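Presented below, as structure tokens, is a lone chain in the form deposited without this ligand.
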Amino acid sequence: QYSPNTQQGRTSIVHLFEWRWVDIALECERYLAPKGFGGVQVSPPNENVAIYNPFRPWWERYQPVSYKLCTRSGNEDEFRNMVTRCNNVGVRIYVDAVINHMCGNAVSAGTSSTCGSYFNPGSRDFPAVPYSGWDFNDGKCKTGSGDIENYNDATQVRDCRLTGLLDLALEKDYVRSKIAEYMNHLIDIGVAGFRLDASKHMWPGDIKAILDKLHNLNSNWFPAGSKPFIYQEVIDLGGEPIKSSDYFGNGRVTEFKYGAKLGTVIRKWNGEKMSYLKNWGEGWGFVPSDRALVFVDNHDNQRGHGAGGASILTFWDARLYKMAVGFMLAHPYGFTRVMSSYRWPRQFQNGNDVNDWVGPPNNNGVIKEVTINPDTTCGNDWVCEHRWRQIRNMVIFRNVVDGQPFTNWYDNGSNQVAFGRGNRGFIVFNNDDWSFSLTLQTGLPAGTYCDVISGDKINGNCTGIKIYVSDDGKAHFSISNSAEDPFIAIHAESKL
């Protein structure tokens, strides 16, 4: 469950948050395959509540109605078409599996659902699954409200309703089997793995029992006996009884400390400084690298109220965000996920964004196509961070340097740092309020290298900065604090 099942030499996943299946299929073919991306995390592909107050929020997709593959992203045939097309170009699909819960207990009964299935939260009736009252934790939860009230009680965190979401009775073989039926439908379609949503709200052993029911990956595309990649969304920032290590026997875990701390460092909050990153990884209290799914931001915490709060860097913070993403993609810790977002009219009142619910770009609730501009950016309010030169080129950097050790660290005791990845890549950052001009040991073979942040290697030339590595492995780097991107990255495949 720990291996991503990407092609060898492809080392990241991208979250194409709220994208439609047909757009992901096209993106696999036209961009993700040629640019070296390992795979795509898709939004939940199962039927959810259609919520109209407020209007079609992103978070309606975390309120299941059934396991029909029928959502605003598309129907089952469209989902299968995407998985097939992506697998056929060697780009994997990972499903966001919403399996802890059904919808909010106070949602009105009816057919306000993305496939029109009937459901009745108040009577616990989800006939399109089917689930009934026997399949929820009403009787097991011991809190006075029926909801999670106190995260210091690890039992109620698992047995009670997360902000009122009806909590499935995951100890029951019937329920485990309905979840496995859904997940095996997806595996047999060709998905390579899963994000397990709300994993802190499930017992490790119930997750294990579900995983024990799962198939190996579809043998038309994957070697025999390949296990689905599992990454469990466990928010563990310390200071609560639940530890993400309890989940290591099932798969990887999301390491939310990663982006929280990287954000604080890059923002220079509380005296933190990039020079402190020399021992980034387990030295910062993180999970073992081989159990980590890492990211700068995710779809929930990029809205400011998630794990990490205001420290999280996002596309709105583009300059610092590119630096953070670049550090992540250069550093060997973890398996990396890049975010790809949509723009919304963020409107802070009293320090909080009142429009943080807004769903994906849409016309009357129908999600807009992703259009591609001549300059390779996206239209229709899709941000497409994964197409930013500085991010895409660092996705490639990570591939190029795969397996190479962290080495040749330098820092100035403040926020000018650099390091290499064996003899295959080198990266230099200036997050101080002055220039960084110094000759550094790069570990690379002598030659001329294109900086892949300011430019590209195209037609045997560099379009941006060029770095000259001498026979001693040293090269001079100059980065003004006024530079568009105050970091430089070079690697074996950017050498002229």
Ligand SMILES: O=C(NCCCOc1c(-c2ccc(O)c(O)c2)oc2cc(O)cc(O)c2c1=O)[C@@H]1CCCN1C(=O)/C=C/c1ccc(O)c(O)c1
The other form holds:
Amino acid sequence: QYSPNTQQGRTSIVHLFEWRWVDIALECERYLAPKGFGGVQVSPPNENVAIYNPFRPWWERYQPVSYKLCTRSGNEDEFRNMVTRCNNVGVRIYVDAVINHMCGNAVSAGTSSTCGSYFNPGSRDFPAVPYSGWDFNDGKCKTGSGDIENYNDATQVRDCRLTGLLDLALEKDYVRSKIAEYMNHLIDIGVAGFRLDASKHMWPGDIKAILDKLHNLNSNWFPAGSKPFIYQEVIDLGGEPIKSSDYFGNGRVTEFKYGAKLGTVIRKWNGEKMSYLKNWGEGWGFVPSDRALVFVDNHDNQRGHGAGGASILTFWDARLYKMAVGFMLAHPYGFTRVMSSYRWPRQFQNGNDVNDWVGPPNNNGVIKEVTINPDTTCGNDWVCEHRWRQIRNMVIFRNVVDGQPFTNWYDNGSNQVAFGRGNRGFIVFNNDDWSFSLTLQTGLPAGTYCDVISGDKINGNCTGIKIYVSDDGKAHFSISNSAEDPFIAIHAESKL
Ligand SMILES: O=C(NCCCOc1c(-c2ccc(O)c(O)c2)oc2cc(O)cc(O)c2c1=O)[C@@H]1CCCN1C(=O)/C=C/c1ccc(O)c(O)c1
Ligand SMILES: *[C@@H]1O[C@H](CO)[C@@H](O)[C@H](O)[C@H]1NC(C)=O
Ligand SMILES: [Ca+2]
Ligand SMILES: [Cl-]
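Return one more block: the form solved in complex with this ligand, after the form deposited without this ligand shown previously.
Whole complex next, starting from this chain.
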């Protein structure tokens, strides 16, 4: 459950948040395969509540109605077509598995659902599964409201309703079996693994019992006996009783401290600075690297009041964001996930975005296609961070340097830092309010290297900055604090 099942030499996944299946299939073929991406985290592919007040928010997809593969992203045939096409070009699919809960207990009964299935939250009836009142934790939860009230009580966090979402009785073999039926349908289609949503809200042992029912990966594409990659969404910033280490026997965990702390450092909050990153990793209180799924932002916390609150860097903070993503992709800790977002009309009132619910770009509720512009950016309000040169080239950097040790660290005691990855890559950052002009030991073979942040190696030439490494491994780097991107990265495959 710990290995991503990507092709050798592909080291990241991208969250194509709210993308349609047909667009992901095309993206696999036209971009993700040639540019070395390992796989795609998809939005929940199972039927959810259609919420019209407010209008089709992103978060309706975290309110299941059934396990039919029928959503605003597409139907089952479209989902299978995507998985097949992506696997056929060596790009994996990871499903966001929403298995802790069904929909909100106060959602009105009827057929306001993405496949038109009937459901009745008040009577606990989800006949398209089927689930009934016997399948929820009403009787087990001990809080006066029936909802989670206090995160200092680890039992209610697991047995009570997260935000009122009907909480499945995951101790029951019937319920475990219905979830495994859904997950095995997906595995047999060809999915490579799962994000387990809301894992903090499930007992480690109930997750384990579900995972024990799962198949090995589809043997038309994967070696015999391959286990699905599992990454559990556990929001653990410290200071609560539940620790993500309780989940290590099941799979990896999301390390939300990673982006929270990286954001504070890059924003220079509370006296933090990039020189402190020399011991980034477990020295910062993080989980073991081999259990970490890392990211700068995710779909929830990029809206500003998730895990990390306002420290989280996002595409809205493009300059600092590229820096943070670059540091993450260069540094060996963790398995990396890159975010890919849509734009929405963010509107802060009293410090909070009142439009943080807005769903993906749409016409009358129908999600818009991703259009590709001649310059390789996206239209229709898709941000496509994973296509930004500075991010895509760092996805490739991570592939090139895979397995190489962290070495040749430099810092100026403030916010000018650099490090290498064995003899295969080197990266230099300037987040101070003055210039960084210095000769540094790079660990690389002598030669001329293209900076992959300011440009590309194309047709035996560099389109941006060139770095000259001498026989001693040293090279001069010059980065103004006014540079478009105040960091430079070079690697073995950017050498002329
Ligand atoms: O203000 C909201 N919710 C309360 C604060 C966020 O708490 C939630 C957490 C959450 C927050 C902090 C924690 O420490 C924690 O253990 C859990 O996880 C969820 C997971 C879901 O599948 C569905 C949800 O509705 C939630 C949720 O509401 C709005 C309105 C409804 C959805 N929502 C949201 O804000 C939706 C957020 C959301 C949705 C999916 C996620 O995976 C997620 O992490 C957050
Ligand atoms: C590199 O750029 C130079 C100058 O534009 C050009 O003469 C040369 O043909 C290009 N390609 C190589 C492989 O040198
Ligand atoms: Ca639960
Ligand atoms: Cl996540």
